[PDB]
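Pasting in a structure now, in structure tokens, and then I'll have a few things to ask.
Just one protein chain is left out here, and the rest sit where they should.
Going by the order they are written in, the chains are A and B; count residues from 1 in each one.
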Amino acid sequence: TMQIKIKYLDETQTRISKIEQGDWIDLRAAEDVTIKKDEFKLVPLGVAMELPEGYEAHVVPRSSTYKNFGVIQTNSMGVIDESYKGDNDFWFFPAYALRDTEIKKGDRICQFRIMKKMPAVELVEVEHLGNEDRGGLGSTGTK
Amino acid sequence: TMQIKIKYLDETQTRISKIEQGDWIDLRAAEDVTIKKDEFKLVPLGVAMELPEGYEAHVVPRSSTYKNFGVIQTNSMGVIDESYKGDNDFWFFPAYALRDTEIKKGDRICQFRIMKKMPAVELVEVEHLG
Partner (left out) sequence: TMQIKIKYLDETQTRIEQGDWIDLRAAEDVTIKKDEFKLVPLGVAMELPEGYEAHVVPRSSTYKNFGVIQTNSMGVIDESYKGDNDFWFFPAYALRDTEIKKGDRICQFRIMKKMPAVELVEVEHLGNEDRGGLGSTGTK
């Protein structure tokens, strides 16, 4: 009942779809891409969207992206804000190749979902927090 | 209170626990694992789960996973689909080693939480955005 408007780069793009057993929706390479080991490439995904107001999208690799295509996503998880909704606001997957690789036009290389943006907040500067330190970075150990 | 049903691989798995100061729950290597520099391995986590209706899980490394074990998680954040709830649907951590490393059975290498899935959405194709 919530609507996402999607505009494809052109008629040759493979239209994306929801599968029953996929909680996120797979996105696809807009063209063939060859990447060399230890080299980078913004893979075009060939979609621009208008998300429901107050929502954002998150894009991450699929668990099989590394096995299939030998790339990692350099920004970890991509955030697409509701405002990135213009007629030429296409989506890109930033890929770093850990081995030589070829991605084919139409290949499902990552996945996305939408969720509400964070609530309105204000940052209030203080001089002192007055809380006990938790610690971090492996303070609880490993065993 | 919601229930997560957890089935372990075997009785040698260290049962997982929520700690007071951990908003996400730590998952553990199901066996000893060796990974050489610049190689990949799916680290078994030894758990299969049924999440409450309408929920997915997300998995990320601990901030100390890299320092302690020299690995990154190749899919950045794993998404455990709600349907991944069968008796053979055991969870895994996709590790790429940036140096030679050893992980031991029971070591806490990543963490998880649950979240409501994206609702049903309608994908409406348009020729132009407004």
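By definition in this document, a contact is a pair of C-beta atoms (placed from the backbone, for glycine too) under 8 Å apart; a residue touches a chain by one contact, two chains touch by 3 or more.
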Next item on the list: Based on the whole complex, identify which of A:3, A:12, A:34 or A:64 touches the chain you can't see.
Entry: A:64
Check: Which one, A:10, A:11 or A:127, makes contact with the chain that was left out?
Finding: A:127
Check: What chain B residues would touch the chain not displayed?
Finding: 1-8, 15-18, 20-25, 42, 48-50, 60-63, 65-67, 72-73, 76-77, 81, 83-89, 92, 94, 98, 111, 113-115
Next item on the list: Determine and list the chain A residues touching the chain excluded from the picture.
Entry: 19, 21-22, 26, 38, 40, 54, 62-64, 67-68, 72, 74-79, 81, 94, 96, 106-109, 117-137
